[PDB]
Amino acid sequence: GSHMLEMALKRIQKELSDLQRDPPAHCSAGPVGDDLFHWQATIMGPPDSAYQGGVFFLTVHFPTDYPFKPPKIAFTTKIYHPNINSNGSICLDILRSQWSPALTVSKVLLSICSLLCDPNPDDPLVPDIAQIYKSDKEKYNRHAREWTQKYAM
């Protein structure tokens, strides 16, 4: 309690303070309102990818023992991708077993941007989309762009 959540709150504050002093190009993020444990963030469709032009919204939920356990990050915007599902769950190592205190929310959003550029079709949350990525990359890129025009612009 007290001490655990003070350390987390000190750390969340430090990450927020760093975002304000040195705003990053790949995302923007901050508290929804009063509660420092609940943020929202945006990601820009990376320029080279089929998601270009789109703005994708996520929620970020810090646990009480942050940063020793990872935040919970989920898309709220619909996105066509093998490693992200209907509910906006994201298959990414560093959000589970590979989590380290050295990572920040900003670095995680960066890695998620890498996931949009270079999907991982061998660990698929959505097998259907994964099979399309594997056996017809042109169809995949078309549908990705279609969903980006439909939901993220």
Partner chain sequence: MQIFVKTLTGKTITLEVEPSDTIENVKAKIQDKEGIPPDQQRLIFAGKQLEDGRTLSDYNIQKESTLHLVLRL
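Positions refer to the first chain, counted from 1. Take the two forms, find the largest set of C-alpha atoms that superpose within 1.5 Å, and that set is the rigid core. Compared with the form solved without its partner chain:
For the listed set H26, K107, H38, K69, the sole C-alpha moving 2 Å or more between these two forms on a rigid core superposition is that of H26.
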The other form holds:
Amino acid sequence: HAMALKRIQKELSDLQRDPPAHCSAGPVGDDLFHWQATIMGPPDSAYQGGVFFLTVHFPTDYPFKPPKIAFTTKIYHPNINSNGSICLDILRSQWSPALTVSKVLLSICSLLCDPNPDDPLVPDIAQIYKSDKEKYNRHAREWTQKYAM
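Beyond the form solved in complex with its partner chain, can we have the form solved without its partner chain?
All you get below is the one chain by itself.
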């Protein structure tokens, strides 16, 4: 699967050279198809000061399909559930080979700052986001302290 491998190697080199703000990523040992990533909760987000660990797995026909990216750290968020699944259009049908893991990571950081309650992976949380934002922020900060600090 040499097309994928070389594409992934190129992304890695570019990422580690100019890493996206708030983010770190790298392969698991010598295996370029499995990466780990880390997001430090953006300043001014309700997740600030939180350390979030993610997994990235590349498909054998990358970049024609998106990487599979999941949270391993518990987080209170309408677009991210208890399995760590991330509800984001560019990880589904809006994937494009013009995108990179670096860009996906920044989009995930952007989702932490501004959740999308109209794509409600966790309905109960999405409803609170829409009806009581102060309560939402309180809960998101509480979970950041509990599970991500």
